[PDB]
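One chain follows as structure tokens, the form solved without 2-dimethylamino-ethyl-diphosphate.
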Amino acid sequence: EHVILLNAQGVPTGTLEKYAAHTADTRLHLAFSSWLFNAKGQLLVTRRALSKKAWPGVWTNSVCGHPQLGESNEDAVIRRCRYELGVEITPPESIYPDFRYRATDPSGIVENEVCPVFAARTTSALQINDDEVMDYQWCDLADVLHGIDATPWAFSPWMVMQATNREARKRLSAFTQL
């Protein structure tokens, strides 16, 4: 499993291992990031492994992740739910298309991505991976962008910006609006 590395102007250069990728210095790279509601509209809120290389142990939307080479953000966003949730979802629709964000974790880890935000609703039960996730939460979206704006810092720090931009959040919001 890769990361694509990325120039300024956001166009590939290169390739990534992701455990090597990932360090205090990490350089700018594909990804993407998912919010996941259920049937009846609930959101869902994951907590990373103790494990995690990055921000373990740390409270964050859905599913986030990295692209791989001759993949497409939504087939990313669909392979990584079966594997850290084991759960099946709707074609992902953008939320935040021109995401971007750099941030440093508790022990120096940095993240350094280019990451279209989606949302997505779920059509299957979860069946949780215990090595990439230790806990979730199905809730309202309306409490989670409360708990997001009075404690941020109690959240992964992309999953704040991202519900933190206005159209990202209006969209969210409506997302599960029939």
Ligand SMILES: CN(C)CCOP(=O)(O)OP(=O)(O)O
Contents of the next structure:
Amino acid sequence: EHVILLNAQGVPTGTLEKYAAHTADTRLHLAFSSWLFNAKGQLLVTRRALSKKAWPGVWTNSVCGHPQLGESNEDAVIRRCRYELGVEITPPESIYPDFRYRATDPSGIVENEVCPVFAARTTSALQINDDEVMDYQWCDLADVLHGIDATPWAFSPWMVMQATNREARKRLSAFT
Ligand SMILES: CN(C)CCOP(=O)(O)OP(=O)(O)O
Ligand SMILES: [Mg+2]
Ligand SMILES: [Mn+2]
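Given the form solved without 2-dimethylamino-ethyl-diphosphate above, I would also like to look at the protein as it appears in the form solved in complex with 2-dimethylamino-ethyl-diphosphate.
Once more the chain from above appears, this time first in line as the rest of the complex follows.
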């Protein structure tokens, strides 16, 4: 696996091996986030495994990852859902296409990402890959946005920043 590197204008400049790309000074690169919802409209919140290099053991939105050369964002969403969660989904929908953030984890690993955000509904049962996910919960969207506004440090920085965008929050609601 790799990440697709980008310049300040969002123009691909090459690739780097995924694990090696995330450091104390992570170069800007291509990622996605997806918010997964069940038939009942409940959001899937996941706790990343303790083995993840960046933000291990951290509560976060359903599935995030890094698109590869030649892959659309939406196919990246699909592949990681199957890979991390064992689960089929409806076509991912755009929720926040221009999200970009940079952040430092407790051990000082930076994420530096142009990170389009998607939403989808699950269409099969989860089958959890515990190399990726250590814990999950189905819940009410509004409950999660209240935890986020009250205790942001309890969640991943990209989750909080995503959910705190006025329009992104309004689209996630409408989605449910
Ligand atoms: C929002 N960022 C973190 C994009 C995806 O992050 P992960 O750390 O889940 O990446 P991957 O599943 O590719 O290891
Ligand atoms: Mg992931
Ligand atoms: Mn990254």
